[PDB]
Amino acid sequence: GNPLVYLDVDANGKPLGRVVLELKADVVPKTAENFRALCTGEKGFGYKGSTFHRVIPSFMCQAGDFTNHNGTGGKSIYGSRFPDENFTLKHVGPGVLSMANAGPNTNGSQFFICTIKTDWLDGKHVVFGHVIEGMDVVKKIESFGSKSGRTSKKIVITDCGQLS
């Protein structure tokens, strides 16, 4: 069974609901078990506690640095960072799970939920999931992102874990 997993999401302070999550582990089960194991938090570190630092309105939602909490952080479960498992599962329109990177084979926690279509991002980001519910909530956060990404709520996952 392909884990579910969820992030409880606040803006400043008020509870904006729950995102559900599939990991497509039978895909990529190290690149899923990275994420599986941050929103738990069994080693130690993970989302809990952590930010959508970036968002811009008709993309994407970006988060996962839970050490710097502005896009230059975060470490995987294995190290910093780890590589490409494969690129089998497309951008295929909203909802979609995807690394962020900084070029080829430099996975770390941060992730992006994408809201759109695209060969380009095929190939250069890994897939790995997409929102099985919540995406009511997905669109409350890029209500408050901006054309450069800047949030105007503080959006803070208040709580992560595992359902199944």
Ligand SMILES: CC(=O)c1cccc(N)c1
Second form
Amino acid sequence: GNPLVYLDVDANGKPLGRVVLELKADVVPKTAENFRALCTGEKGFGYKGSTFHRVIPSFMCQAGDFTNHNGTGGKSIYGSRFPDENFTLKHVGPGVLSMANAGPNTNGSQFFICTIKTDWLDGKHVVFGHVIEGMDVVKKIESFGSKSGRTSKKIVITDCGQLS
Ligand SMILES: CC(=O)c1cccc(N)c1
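Having gone through the form solved without 1-(3-aminophenyl)ethanone (3AO), I am curious about the other one (the form deposited with 1-(3-aminophenyl)ethanone (3AO) bound); can you provide its structure?
Below: every chain and molecule of the assembly, starting with the one above.
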């Protein structure tokens, strides 16, 4: 079946717990595979040690810039950027996992987890999974955001990987 992956997240050096994500490889195999491999680190790079750098309460929590840690960087397992696979899955509510981008066909490694329905992103960001377990952890992360996106605690993915 579809991959299950995890992110273990610290805030100011203390553990919040684990977010478990299902990746919809049935719908978006290329996008799911990128995220899966960045979680395991099997290509020699990935999410381990990187941050949630942009967090906006009542919107989303964004992470995955493991090169610049500020929202300008990241890279995929295919190359620096890759196309929008499809827009078949929608931003239906809290827990949606979707690719951050800088316009059409600029997926790399940055991603976000929604804390509300974000319907205006449909057709612009590729949705590729959802939170299976750990929305409590996501709500903690969310609570350390601000309107500007600046975080009030240092939010770090200390460990990540594949469960199945
Ligand atoms: C600025 C830039 O290159 C960027 C920003 C957000 C997501 C991604 N994949 C790239």
